[PDB]
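S.K.: Given next are the chains, with one letter for each unit.
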Amino acid sequence: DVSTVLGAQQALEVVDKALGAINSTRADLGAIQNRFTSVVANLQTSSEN
Amino acid sequence: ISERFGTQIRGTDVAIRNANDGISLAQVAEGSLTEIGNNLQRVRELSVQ
Numbered sequence: 295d296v297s298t299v300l301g302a303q304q305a306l307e308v309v310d311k312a313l314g315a316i317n318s319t320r321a322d323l324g325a326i327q328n329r330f331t332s333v334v335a336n337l338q339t340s341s342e343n
Numbered sequence: 050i051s052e053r054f055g056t057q058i059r060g061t062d063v064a065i066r067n068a069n070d071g072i073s074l075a076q077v078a079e080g081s082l083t084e085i086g087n088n089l090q091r092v093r094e095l096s097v098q
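Sequences listed follow chains I and D, in order.
Each residue of the first sequence is one higher than the one before, starting from 295 at the first, in the entry's author numbering.
Each residue of the second sequence is one higher than the one before, starting from 50 at the first, in the entry's author numbering.
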């Protein structure tokens, strides 16, 4: 809510917490992607050998 | 004498094959070690931050 002062003053905190959660999840997905790429490279080398 | 020479030749060819198999084993082992090393390097680069 924003029609009063308290609504905005508490909207600030709720938005901060939401952003924290979003950023942590994005970091985790990036880590997964890196690991999968490394697995692919190793598989290709072993198959050639 | 000719049978002795025959036995020697027949042994020599399979010896060649066995040596080649040893080469293949060494190749595979080195192939895996290289990837282990790359991952360790990345961890160190992350941790100096």
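What the hints contain is simulated information worked out from the structure, not anything from laboratory work.
Even for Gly, the Cβ is constructed at its ideal location relative to N, Cα and C.
Be aware that one or more of the hints could be misleading.
[Said to hold, decoys possible] Residues from chain D shown here face chain I by an in silico Cβ test under 10 Å; the list is partial:
#1 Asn67
#2 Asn69
#3 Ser73
#4 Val77
#5 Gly80
#6 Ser81
#7 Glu84
#8 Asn87
[As the list claims (entries may be wrong)] Simulated restraints on C-beta separations:
#9 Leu323/I <-> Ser96/D: 19 to 25 Å
#10 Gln327/I <-> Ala64/D: 37 to 43 Å
#11 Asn343/I <-> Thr61/D: 35 to 41 Å
#12 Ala78/D <-> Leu323/I: 31 to 37 Å
#13 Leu306/I <-> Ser96/D: 53 to 59 Å
#14 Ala75/D <-> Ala335/I: 17 to 23 Å
#15 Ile50/D <-> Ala335/I: 52 to 58 Å
#16 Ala75/D <-> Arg320/I: 54 to 60 Å
#17 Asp62/D <-> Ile326/I: 47 to 53 Å
#18 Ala321/I <-> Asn67/D: 50 to 56 Å
#19 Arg93/D <-> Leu306/I: 36 to 42 Å
#20 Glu79/D <-> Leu323/I: 14 to 20 Å
#21 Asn87/D <-> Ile326/I: 16 to 22 Å
#22 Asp310/I <-> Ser73/D: 26 to 32 Å
S.K.: Next step is simple, just say for each hint if it's right about the structure.
M.R.: For each hint, the structure was consulted:
| no. | hint | result |
| --- | --- | --- |
| 1 | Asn67 | violated (19 Å) |
| 2 | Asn69 | violated (14 Å) |
| 3 | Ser73 | holds (8 Å) |
| 4 | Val77 | holds (5 Å) |
| 5 | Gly80 | holds (5 Å) |
| 6 | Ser81 | holds (7 Å) |
| 7 | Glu84 | holds (5 Å) |
| 8 | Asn87 | holds (8 Å) |
| 9 | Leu323/I <-> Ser96/D: 19 to 25 Å | holds (21 Å) |
| 10 | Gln327/I <-> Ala64/D: 37 to 43 Å | violated (49 Å) |
| 11 | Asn343/I <-> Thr61/D: 35 to 41 Å | violated (27 Å) |
| 12 | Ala78/D <-> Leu323/I: 31 to 37 Å | holds (34 Å) |
| 13 | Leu306/I <-> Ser96/D: 53 to 59 Å | violated (35 Å) |
| 14 | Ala75/D <-> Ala335/I: 17 to 23 Å | holds (21 Å) |
| 15 | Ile50/D <-> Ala335/I: 52 to 58 Å | holds (57 Å) |
| 16 | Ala75/D <-> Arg320/I: 54 to 60 Å | violated (43 Å) |
| 17 | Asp62/D <-> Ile326/I: 47 to 53 Å | holds (51 Å) |
| 18 | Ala321/I <-> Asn67/D: 50 to 56 Å | holds (51 Å) |
| 19 | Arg93/D <-> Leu306/I: 36 to 42 Å | holds (40 Å) |
| 20 | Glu79/D <-> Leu323/I: 14 to 20 Å | violated (33 Å) |
| 21 | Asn87/D <-> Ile326/I: 16 to 22 Å | holds (18 Å) |
| 22 | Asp310/I <-> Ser73/D: 26 to 32 Å | violated (59 Å) |
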